[PDB]
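Trainee: Below are the chains, spelled out letter by letter.
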Amino acid sequence: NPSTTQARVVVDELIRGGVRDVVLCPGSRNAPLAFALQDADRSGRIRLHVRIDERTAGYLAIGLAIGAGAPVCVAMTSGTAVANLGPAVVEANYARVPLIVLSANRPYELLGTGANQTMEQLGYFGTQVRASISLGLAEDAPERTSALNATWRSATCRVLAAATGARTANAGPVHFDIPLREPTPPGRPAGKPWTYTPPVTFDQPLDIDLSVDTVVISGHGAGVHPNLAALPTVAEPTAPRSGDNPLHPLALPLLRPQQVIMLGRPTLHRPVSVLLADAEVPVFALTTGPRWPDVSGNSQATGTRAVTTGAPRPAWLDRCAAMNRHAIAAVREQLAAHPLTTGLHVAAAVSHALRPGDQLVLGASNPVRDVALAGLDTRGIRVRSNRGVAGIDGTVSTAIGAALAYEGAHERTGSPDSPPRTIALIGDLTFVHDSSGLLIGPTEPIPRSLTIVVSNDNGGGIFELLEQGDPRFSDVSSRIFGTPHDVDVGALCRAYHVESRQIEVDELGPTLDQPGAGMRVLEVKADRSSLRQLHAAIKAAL
Amino acid sequence: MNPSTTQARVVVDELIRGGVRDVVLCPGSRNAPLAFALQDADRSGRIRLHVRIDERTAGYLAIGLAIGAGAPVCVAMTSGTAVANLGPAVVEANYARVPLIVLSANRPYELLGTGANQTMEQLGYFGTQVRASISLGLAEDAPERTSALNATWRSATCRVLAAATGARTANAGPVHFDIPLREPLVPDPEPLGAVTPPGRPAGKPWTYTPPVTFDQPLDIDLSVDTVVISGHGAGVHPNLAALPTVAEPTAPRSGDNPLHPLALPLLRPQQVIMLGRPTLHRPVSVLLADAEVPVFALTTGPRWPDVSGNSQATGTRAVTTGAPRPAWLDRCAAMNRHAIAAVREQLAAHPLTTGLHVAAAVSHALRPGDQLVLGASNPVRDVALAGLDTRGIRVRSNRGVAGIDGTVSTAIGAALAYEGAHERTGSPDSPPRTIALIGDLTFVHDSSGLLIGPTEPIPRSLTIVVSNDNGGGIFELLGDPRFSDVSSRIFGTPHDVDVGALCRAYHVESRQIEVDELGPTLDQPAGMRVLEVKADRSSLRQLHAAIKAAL
Amino acid sequence: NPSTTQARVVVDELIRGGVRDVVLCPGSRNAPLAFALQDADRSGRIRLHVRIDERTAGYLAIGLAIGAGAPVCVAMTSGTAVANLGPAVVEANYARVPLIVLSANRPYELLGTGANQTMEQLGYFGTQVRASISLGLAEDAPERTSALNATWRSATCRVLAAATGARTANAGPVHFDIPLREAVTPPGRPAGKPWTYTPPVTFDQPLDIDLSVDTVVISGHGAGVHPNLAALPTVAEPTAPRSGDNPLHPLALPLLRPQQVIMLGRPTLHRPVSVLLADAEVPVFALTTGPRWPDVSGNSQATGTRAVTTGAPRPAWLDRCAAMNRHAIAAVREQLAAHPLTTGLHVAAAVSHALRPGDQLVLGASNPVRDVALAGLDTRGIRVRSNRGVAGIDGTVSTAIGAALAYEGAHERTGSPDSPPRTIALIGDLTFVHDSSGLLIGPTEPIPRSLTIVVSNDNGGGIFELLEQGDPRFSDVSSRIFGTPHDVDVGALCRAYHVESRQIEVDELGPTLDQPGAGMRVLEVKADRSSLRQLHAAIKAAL
Ligand SMILES: Cc1ncc(C[n+]2c([C-](O)CCC(=O)O)sc(CCOP(=O)(O)OP(=O)(O)O)c2C)c(N)n1
Ligand SMILES: Cc1ncc(C[n+]2c([C-](O)CCC(=O)O)sc(CCOP(=O)(O)OP(=O)(O)O)c2C)c(N)n1
Ligand SMILES: [Mg+2]
Ligand SMILES: [Mg+2]
Ligand SMILES: [Mg+2]
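Protein chains in written order, with full-length UniProt numbering: chain A, 2 to 184, 196 to 554; chain B, 1 to 478, 481 to 527, 529 to 554; chain C, 2 to 183, 194 to 554.
Keep in mind the hints are simulated off the structure, nothing from the lab. You can trust all of the hints, since none of them are fake.
So, partial list: chain A residues that the calculated Cβ filter (under 7 Å) puts toward chain C:
#1 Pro108
#2 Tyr109
#3 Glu110
#4 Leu111
#5 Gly113
#6 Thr114
#7 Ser133
#8 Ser135
#9 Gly137
#10 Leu138
#11 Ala156
#12 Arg159
A virtual CB, placed ideally from N, CA and C, is assigned to each residue, including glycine.
Produce the complete structure using the sequences and hints provided.
Mentor: Structure representation (structure tokens):
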């Protein structure tokens, strides 16, 4: 059958392209490439992950992709797949995650006369994906086997290149259709991809004078810039650090920088937003890819690297370092003097328990910010967070997939050491949102060293710190923003046969130092009724 | 009053004037103007607010609130993936023709593509699944044209409601209503006591559009041997009431001459009248796939199903000439009695409680006035197999796409709307019962739909029966492709998820009982509860073979 | 050959669905259904129209549909076809024209890796079409011939149903794909009947309206006929069918104080109409068919499909309106007589005077369609066409040509032994230059027998003289960027395409229209726009 030959050629090319994991869901029909994928899974060339929940499957693919940087395929055939995959595909587009969405249209059947069990289509594919490629239906022609093998492998390498950003430096989701009718020609020698894409550079140098009082702000997707390593740097948790001179986010409003270098895409902290929008401050955007971040439109120039003249005034560096120490002190002490555990205490504890080579996975809301408020030093750490569109959905499967991909890479190094830990920190709403991600059949890969820390303040803590958190809304905000739920986390973990423990904040460190089952949830109860006061006390101690 | 608060209050007001009684809300900062406005309407009793955490299952809750009493229902959420999480419920609402209003907050459209946090292409995200995609203009600070802005906001809100209820189209469905909103997003400390721009006098909708009467008479001769097949969304046809009728559980009965689905392949209809959209029964599909028998499609709206290649004509109602042969009605009535007798006998002779036994017991417990919610895979198949008489009861099921998402939330939402509709009657009697029958995989999958926050409305009389055979009604009853497909390997091992632990996790009363206690337990109440009945799946294929042999 | 069987089944069902005309263009590959359509053309079962310009070809299809109300197919395979069809597809959506766009995708070929010279997609199909249906590849299964013939014919009826609004009362464009791999044909129903028959449908939404309140009727594009409203003063657009005989000149409207408005169809003309419809003190009742209702300001009180009336207009009100109508008809005619130069308004008044029952009238956007209304044309017994969906000045020549062909075809189908009725088109000069391509028709292709295109040529855009940018403080700037003079030799253009042409004066227009010429002719009448604004100022002052 030409369709089975074609499917094996594609799967083979996908494996040479660096795909190591494929996610699937049961549906109305067989998945695309199902048998060739099954053969490769059995042979150990790739690893399959199956889930019933199509939404959590999309996010499992994201995690499997950002854990070690590899392209990941997700393949489902059902009438709800496109709708359920939407959230993950949007995150993959905005965070530039190489996600390949496989489909298998049927050209011998009617479309548009009723509900389609294979693909029920929304409007986001047009706007979200880097490419939409459909292989031909496989012709029955042994005469043309060599020419078809070339066409198929060329097209597969185009899918892979579009998703990884190999030539565009703009990785993201790709829609790859392999049609079939209802009801192996080799690749390049020595395992090379059919169409090889050697390394590319996009170079856009900007002239910047460092003698001007400069602060670096690095956000999601920031590059590494050695020539900027000495400047005071307010770094989001997921930004790689270029140097060793951190500036705490809370210190920023008490300095007066005269220019800003912005790396990647900042999304955290109102003081950062305000500074980038200040008309009297030059802002230089250094980022990869086609677009640049600039909500205010205030930025002066954008490129990919800086060509620097001068150096920072010693008085400026020394003044930034003293506000940095005052902010660190203000947090440590007001946390010490607070009589109730909050998410900020939980984040502080997780940050101390971390060691080099760990992978940290951060939920949206307070956790990703609290870790920054606690001054976590991210050097030697891989920090992952779905900052593309900052959803609270799918964070459990993202952590699981990230642990799996990260352990898989460490395994392949052959090293005798135990698999490096993955530690997730997420809020209680975030955990309830994607609890279904906890359900993993015995037939499926399970992380060996994943700890999910759930900081549970029985609602949405971040909203205590916004305008709706003002006391004049006290009666009203509790229901429509606090959103309390009274979930028994321990029961939920028991229901899914997931090792679970409820501990106090000071036991968090010790518990995380002691290894446990491959996958486990550590719940720490927290309070959010006092959170706006705690943050007010930290500000006043600045 | 700042522009965001003013706009939000005008929109919420016009939605209430348009007949919206329930609103599902999920938390966020960008939708804060909507959340404040809705909670004010809740506090003064103009609507009933339901807050949820998970946008996805929250959309099926809204679906339940819409199908329970027949009213348009809004779900409101923040910008970004929160909106994308409504996709699954939008698809169901489209195919099941449910008046679901997705009311999303957005950033100003000019911020698209600037790197703004939690922003995405929202307008048109759903494509052709929605009846309409409507946007409001960003609210300007310009009091001189407050009354002009009031008119455009209420008109837009009236277009949303008309598209969703099908007031002009006769084709209800979901509508995307996107509202770009900018700071300030919370109500100002001052002015105190501002006045929201007024709607029409006497609470009338700003632009009033009455429900269309859509009519398409079609001639049909009843003397030709006729079977009626009615599926999801079918209408009632008194002049067809005497015909033998294979009716899906969700189809309203027009008459009293039932024909069991198993009997149909053993009869020889010479023509078919197809009511609504029948998807459920394999015997039905086989018959409709046969291009030789003439089929007439009677539907309540402009859509008609593609299940038959030989639909001769479409209509909304038949104009009947003649009457059926008494011998033909005799023949069908005899096969009906035979078909159900085979089922009840083989059921009684089977030594193990299967999901079919649970469905038979549930069907036997119901009385007129009950609402019954069925998970759209096997529970709806089994209840029909057991021969449930649906006269005088409301059967709800997500038969649009018959997916697995949101079945629990839909049961909860149907119960709340149905009880509410009966609070308004004024009867002082206890609220009607809502009984849901859900399989264990479906219940586990949407278990988080059980979650109702302490401050949120709880059904007064919903019982969720879980027929737990520890794995699907899947590889029993087959589906040659499925044994080959590697994704089926998750179905080879019983999942063993503890149902009682799940009900504990969402603080819902749950008991585990035997099928014989089911009838008495349901007559007995107590708010919301789950009854888990364990069940065998191993003998299930043996049971169906015995029924097939008995025919 | 399976696709040959499929293609013939589809063409046969399309024919049974009332398709009489199909528009094609040469392209990189063969049009969908090309050989089945040829066979039907040869046999006189359908009529093929070929054009090289894909854009004019779409507007020709629009004309072939609106000329007698039939569904029309357009079939092009080229790398530019979707882009060139866009304008007509948008017009088909907004004017609710039953336009079927045929395509033929190749499922054995790669998509998305490079330029696609079979169909290069834009973003508009997802927002403009009523349906997008793909037949699916034809396979080699002779036993399933009955089942496949049923499936194909069903899908084709579903396509036709979506395009004509047979069940939705919402006609519009549909995308119909028949994919391709690269003499007995299975029969449809007895007696030429469609495979899935759709009996007549009604959408009924009655509204209670009190006629004793001082009421005016404004009817626009797509207005329906309402007997119970025939006596009210009615400001009608040229394309709106008249219900009665109490016209109310649009220039009269600002001089009356109506206390409620019944609005029929979709109004697009006259700023006094827009002002009245937006007046918060005036209840507005929108009566229209289809899913949506017009309401720019949001001021409307209710919408439906018909009126249930109580009461009757006060006789004082009727005479006040009938007299204000007389005042305005007279102010226009007297200041037209008093005006020194020929303007487009003069040309319109002359064309109005020359029309008679049985004629089809095609109006360009811009001043022509307004001027006919200001000239007080009586449209009873006259079929008035204009592309008011989006009011483009593009494609009006091919629209008039297609309208004429379809209207003539309807008359020839009767046995009448008469010269076919006249189609008279009135368009401005920019509009004519925009779609001049539509004049080029090969000897092989159908040509209207009685089409006369009148071109009111004021060497630019007359309508902008009458707008705010036409005020004298912009005299230097506006000439170039709104007037856009071109100095085209209209007679030389028509001679290049072998089209009978005459430059004539306005009094000469009635006589020339009375005796026929070649089947297609262009009558150019030179007009002035320099004095246009003051002419309208004179008519305002006279009121
Ligand atoms: C699917 C979805 N639906 C809604 C939202 C809006 N939202 C957030 C956003 O405000 C967070 C934005 C950011 O930059 O992190 S943060 C949030 C509350 C999360 O509560 P939590 O998980 O208990 O964390 P907590 O520590 O209590 O802040 C909600 C509900 C969302 N982000 N995703
Ligand atoms: C393709 C296209 N491109 C531009 C426009 C804008 N436009 C118009 C519009 O303003 C008229 C709209 C209406 O309601 O009639 S009217 C117009 C001038 C038409 O000049 P004309 O054909 O010589 O007519 P004239 O009698 O001189 O007014 C132009 C350029 C358009 N309508 N279509
Ligand atoms: Mg929380
Ligand atoms: Mg089960
Ligand atoms: Mg002109």
